[PDB]
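Below, each chain spelled out in residue letters.
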Amino acid sequence: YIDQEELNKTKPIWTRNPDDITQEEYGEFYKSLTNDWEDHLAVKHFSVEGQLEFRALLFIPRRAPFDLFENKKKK
Amino acid sequence: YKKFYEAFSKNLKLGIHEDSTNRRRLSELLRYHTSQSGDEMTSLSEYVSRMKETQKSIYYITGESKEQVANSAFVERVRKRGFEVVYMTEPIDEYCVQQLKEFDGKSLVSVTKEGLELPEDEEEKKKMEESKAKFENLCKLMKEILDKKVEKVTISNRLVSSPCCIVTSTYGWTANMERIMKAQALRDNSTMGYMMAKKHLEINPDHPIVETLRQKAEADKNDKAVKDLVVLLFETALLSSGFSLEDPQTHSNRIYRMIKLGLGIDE
Amino acid sequence: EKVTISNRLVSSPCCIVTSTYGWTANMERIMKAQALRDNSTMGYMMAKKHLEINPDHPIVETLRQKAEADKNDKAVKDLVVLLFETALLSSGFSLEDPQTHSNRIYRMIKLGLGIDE
Amino acid sequence: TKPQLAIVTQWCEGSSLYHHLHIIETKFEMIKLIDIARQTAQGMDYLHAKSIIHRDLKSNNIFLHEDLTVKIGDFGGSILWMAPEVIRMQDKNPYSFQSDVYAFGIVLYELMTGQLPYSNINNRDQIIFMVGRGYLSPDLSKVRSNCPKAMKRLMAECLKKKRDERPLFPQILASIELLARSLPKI
Numbered sequence: 276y277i278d279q280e281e282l283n284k285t286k287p288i289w290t291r292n293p294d295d296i297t298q299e300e301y302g303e304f305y306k307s308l309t310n311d312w313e314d315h316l317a318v319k320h321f322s323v324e325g326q327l328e329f330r331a332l333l334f335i336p337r338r339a340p341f342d343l344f345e346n347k348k349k350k
Numbered sequence: 426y427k428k429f430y431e432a433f434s435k436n437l438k439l440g441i442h443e444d445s446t447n448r449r450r451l452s453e454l455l456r457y458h459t460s461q462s463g464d465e466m467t468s469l470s471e472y473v474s475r476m477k478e479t480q481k482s483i484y485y486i487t488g489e490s491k492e493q494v495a496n497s498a499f500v501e502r503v504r505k506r507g508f509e510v511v512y513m514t515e516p517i518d519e520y521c522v523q524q525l526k527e528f529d530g531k532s533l534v535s536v537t538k539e540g541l542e543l544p545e546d547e548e549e550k551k552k553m554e555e556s557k558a559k560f561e562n563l564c565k566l567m568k569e570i571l572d573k574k575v576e577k578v579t580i581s582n583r584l585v586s587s588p589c590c591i592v593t594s595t596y597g598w599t600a601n602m603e604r605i606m607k608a609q610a611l612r613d614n615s616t617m618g619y620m621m622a623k624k625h626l627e628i629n630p631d632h633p634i635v636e637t638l639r640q641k642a643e644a645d646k647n648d649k650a651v652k653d654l655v656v657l658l659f660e661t662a663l664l665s666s667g668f669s670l671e672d673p674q675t676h677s678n679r680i681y682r683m684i685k686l687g688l689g690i691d692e
Numbered sequence: 576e577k578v579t580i581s582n583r584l585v586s587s588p589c590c591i592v593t594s595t596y597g598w599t600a601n602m603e604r605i606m607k608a609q610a611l612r613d614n615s616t617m618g619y620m621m622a623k624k625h626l627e628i629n630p631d632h633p634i635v636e637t638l639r640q641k642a643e644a645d646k647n648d649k650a651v652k653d654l655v656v657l658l659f660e661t662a663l664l665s666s667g668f669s670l671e672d673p674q675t676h677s678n679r680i681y682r683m684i685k686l687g688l689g690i691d692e
Numbered sequence: 521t522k523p524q525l526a527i528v529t530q531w532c533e534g535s536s537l538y539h540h541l542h543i544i545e546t547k548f549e550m551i552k553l554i555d556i557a558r559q560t561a562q563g564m565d566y567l568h569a570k571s572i573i574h575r576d577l578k579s580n581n582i583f584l585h586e587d588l589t590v591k592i593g594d595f596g615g616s617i618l619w620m621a622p623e624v625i626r627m628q629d630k631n632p633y634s635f636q637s638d639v640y641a642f643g644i645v646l647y648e649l650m651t652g653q654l655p656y657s658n659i660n661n662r663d664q665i666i667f668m669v670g671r672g673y674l675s676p677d678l679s680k681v682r683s684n685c686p687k688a689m690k691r692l693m694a695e696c697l698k699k700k701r702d703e704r705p706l707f708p709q710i711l712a713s714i715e716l717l718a719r720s721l722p723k724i
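Residue numbers (PDB author numbering), protein chains in the order written: chain A, 276 to 350; chain B, 426 to 692; chain C, 576 to 692; chain D, 521 to 596, 615 to 724.
Same shape as in the complex, but just chain A:
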């Protein structure tokens, strides 16, 4: 037999209080978005609780992606 719970292991991250956040956890979360051997360089978190409601999270990779000169692949 086998029991496999790892189908969901990455906890959602864009909901917590911005102040209580360290850098390492950003590190592990960024690891499990693109399988690689490196960390990020900068991050950005904010939100706009206006008449529109939403939130966003952005990263800045260290090394440029090698495949950006395509034309119409699935972006």
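Because the hints were derived from the structure by calculation, they are not lab data. There may be inaccurate statements among the hints.
Claimed, not checked - Pairwise CB distance ranges (calculated):
(1) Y596/C <-> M606/B: 27 to 35 Å
(2) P340/A <-> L543/B: 44 to 52 Å
(3) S490/B <-> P340/A: 31 to 39 Å
(4) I580/C <-> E576/B: 41 to 49 Å
(5) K624/C <-> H442/B: 33 to 41 Å
(6) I580/C <-> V575/B: 39 to 47 Å
(7) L670/C <-> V585/B: 43 to 51 Å
(8) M606/B <-> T546/D: 16 to 24 Å
(9) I690/B <-> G667/C: 41 to 49 Å
To be verified - Incomplete in silico selection of chain B near chain D, CB under 8 Å:
(10) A610
(11) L611
(12) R612
(13) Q640
Note that beta-carbon positions come from the ideal geometry of N, C-alpha and C, so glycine has one too.
Given the structure of chain A, go ahead and fit chains B, C and D onto it with the hints provided.
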């Protein structure tokens, strides 16, 4: 077909690059200018008609301008024997010729690929190898003064009216795409390290200059004059194959150095 | 098109300049040397050029005092075209026929070596 | 006067593999070799996952593209080293996944090793007659010093009695991934 081919040739030349199911079928709708038709395009399929018997594979060249390639230093040997060649002088022509490598049992080989040889009469073999076995020391001692730029210098058969020329290697890039890549806008700058093609120099032991070098070679072991003459001739040869120098002042000074002797008194 | 004198040179006999409405050397080269060039019409439109001379390098002065004597001389034409082409090469442009160029330098060095025949 | 906008490229050619085996090495640390192994194993597993045969994976059929990336070729170390299953010409269908598994094993082992087995004695007719009766066994002295324990155990366990009870691909992949992510330094 003349008015059609002048307009939408870009589409076919691109399509031949990226497709696999239908490539052999598309290998005949191309029209080129050959060295038997002054101002008329010639089909390559119809070209398959008239070749010699012992010959193998089609011969071709790629250049930058029609006239610039029309009279090139390499050709002056393969043109005297009555063969037939074609000119693909356009950036996409390199893309087409790079991928396609065959046509109806034949091969596509260009002039500047690691010293091509053509079958011919027997008696020329012995004199050429005599030049091989007699001119080993000048070929030996010239590599010392030239540091690690060229790979090898030899005597081959593409030169009848020019002393020197430059040819590339099989595993590597070619001269015209060396400029298609620099002229390309959105590209990385880490790729030049690896697949630059190593360079080969070719000498002609017919021009009296090379023989005049021999007397000072066995006469003087080394001095300033040999260094000056060799760097001058090499830098001139670098221009001969469409290569662009990195320090034009260095050669401009060397060309201005003697025009002052032309009228006499420098000082 | 035009020939004039300006203040841009200290040690060069001549240099080349572009028009106020015209692509520079590197721009024209990079534009024409790229695939899908579509050179059918746009290619035969741009790259106007001019010329300048410095009145300081004694070569131009001796050239002028030679030309003031003979008005139909022989060495004047090949000398001037040689200077024109050398400035052309050492300015970012590309020559039309390198073989003739190399031939001129080859004959020059040969005659300097005094070979003849 | 009627401006423009930038234009992009198309793509570039990669280099081969087998050329690297004899002439030019350009040796970095073996971590790159293990990375090559894991990408190529993943790729061939994906290919075979759709019940797809290959019928050959000769070491020349690999193009080393940008960085270290394998592209599998088809057109023209184990080019003469397949099982006598090829020599079997009974029922005209000896083809099976077992030959592909064994060929991948020997090819990757030699690619790690870096040099050719069986280069001293070469007699095709006598080799095949000896295959008929008196078949040989692989040499054991020809082995690398730093042979990883997991890979050594896998390759030893692959062929014991019959070349038919070989394992199935993803547990090989799991062994690859555990051995890779079990010895960076700690």
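Against the structure, the hints:
Here the CB-CB span from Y596/C to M606/B is close to 30 Å, well matched to the stated 27 to 35 Å. About 48 Å separates the C-beta atoms of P340/A and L543/B, a value consistent with the hinted range of 44 to 52 Å. Taking the beta carbon of each, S490/B and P340/A are about 38 Å apart, inside 31 to 39 Å as hinted. Between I580/C and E576/B the Cβ separation comes to about 48 Å, which falls inside the hinted range of 41 to 49 Å.
A beta carbon spacing of about 36 Å between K624/C and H442/B agrees with the range 33 to 41 Å that was offered as a hint. Under the hint 39 to 47 Å, the C-beta atoms of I580/C and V575/B, about 43 Å apart, fit the expected range. For the pair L670/C and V585/B, the supplied restraint of 43 to 51 Å is violated, since their beta-carbon distance comes to about 23 Å. A C-beta distance of roughly 22 Å is found between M606/B and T546/D, which places it inside the suggested range of 16 to 24 Å.
Between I690/B and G667/C the Cβ separation comes to about 34 Å, which falls outside the hinted range of 41 to 49 Å. The criterion of a C-beta within 8 Å of any C-beta in chain D is met by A610/B, whose closest approach is roughly 5 Å, and the hint holds. With its C-beta approaching chain D no nearer than about 6 Å, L611/B sits inside the 8 Å limit, and its interface hint holds. Nearest Cβ of chain D to the Cβ of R612/B: about 6 Å, under the 8 Å cut. The hint holds.
Look at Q640/B: its Cβ only gets to about 40 Å from chain D, farther than 8 Å, so that hint breaks.
Comparing the model with each numbered hint stated earlier shows that hints 7, 9, 13 do not hold.
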